[PDB]
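The form deposited in one PDB entry is given below as one chain in structure tokens.
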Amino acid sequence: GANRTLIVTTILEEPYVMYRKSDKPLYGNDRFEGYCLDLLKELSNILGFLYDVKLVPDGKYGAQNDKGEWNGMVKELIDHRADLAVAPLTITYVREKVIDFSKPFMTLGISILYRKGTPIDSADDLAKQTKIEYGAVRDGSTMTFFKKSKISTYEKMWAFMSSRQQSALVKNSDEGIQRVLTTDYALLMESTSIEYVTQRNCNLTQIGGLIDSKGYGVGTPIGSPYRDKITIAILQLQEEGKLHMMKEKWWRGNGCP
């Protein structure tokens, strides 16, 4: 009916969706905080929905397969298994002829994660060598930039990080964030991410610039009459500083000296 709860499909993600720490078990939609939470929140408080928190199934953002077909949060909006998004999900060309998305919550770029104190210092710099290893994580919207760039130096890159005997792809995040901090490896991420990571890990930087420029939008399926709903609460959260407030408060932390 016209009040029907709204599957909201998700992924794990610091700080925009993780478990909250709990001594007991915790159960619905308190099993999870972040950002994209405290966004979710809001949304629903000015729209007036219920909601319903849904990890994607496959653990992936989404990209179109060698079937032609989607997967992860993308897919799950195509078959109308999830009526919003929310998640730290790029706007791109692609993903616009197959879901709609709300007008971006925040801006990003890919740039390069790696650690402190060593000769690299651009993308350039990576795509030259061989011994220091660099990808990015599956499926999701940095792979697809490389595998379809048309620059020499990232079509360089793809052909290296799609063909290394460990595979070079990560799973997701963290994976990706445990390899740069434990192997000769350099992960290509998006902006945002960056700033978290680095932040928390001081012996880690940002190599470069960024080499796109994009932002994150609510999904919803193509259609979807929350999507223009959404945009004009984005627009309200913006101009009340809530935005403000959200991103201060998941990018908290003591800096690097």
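Rigid core here is just the name for the largest C-alpha set that superposes within 1.5 Å across the two forms. Positions refer to the first chain, counted from 1. What changes on going to the form deposited in another entry:
Relative to the superposed core, residue 79 undergoes a C-alpha shift smaller than 2 Å between the two forms. The Cα position of residue 215 differs by less than 2 Å between the two forms after fitting on the rigid core.
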Second form
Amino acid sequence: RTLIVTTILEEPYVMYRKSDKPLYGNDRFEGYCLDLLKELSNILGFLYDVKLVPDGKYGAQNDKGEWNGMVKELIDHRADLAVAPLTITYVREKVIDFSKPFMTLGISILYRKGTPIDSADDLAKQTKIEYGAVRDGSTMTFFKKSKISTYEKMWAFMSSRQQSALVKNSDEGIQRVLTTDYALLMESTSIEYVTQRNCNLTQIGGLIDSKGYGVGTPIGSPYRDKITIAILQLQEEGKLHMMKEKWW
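Show the same protein again, this time as the form deposited in another entry rather than the form deposited in one PDB entry.
This part shows the chain on its own.
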């Protein structure tokens, strides 16, 4: 049986291929996740239809506790797998089963080069330089729930003034960093990608936490473990590292 794979567009994980004529099916996409997906499909032996998540969201829960995006697709069994830079979080792992991480990363700071700023603490102590994150993303949630003083303070600032310091998506954040005096709290894997394509930007400090991206499956899914094992196999033989180098 063909597995339905729910995903979302995000450089360089899942992107529309470049072609002179209209593309159809899986042929529409390319990227690290499509490469990962075909590696997993060879190892486990399954066919799949990549399908973009209808609402274009990763998955968060509203005030009433209902989920949206890819997480929701898995919960309602509208998809068998979720392959994308879907951060393994406490709140998400309770409603869906994650495979072991296929990429590890952390929350860090994207800012422009040649400045005295060097840590999340430097930012927390002032207000001249504005800073924030993608609204409702795992990074924002981290700062929202943290009880570490420095992070509590930063959240106080990010959420103030109607969350004007937050951005809707990564691209809006990057442009905001390139144009104004703004710093973006962003996942390290994404910062590496960006700083490699824009010499004006750089990472500030190191990681302020350790996270991973995993393949999502519905709770009780028989593939969860098979995928985990395949990921470990791909990691141990250098394929994951090879794939990262290819797209980064």
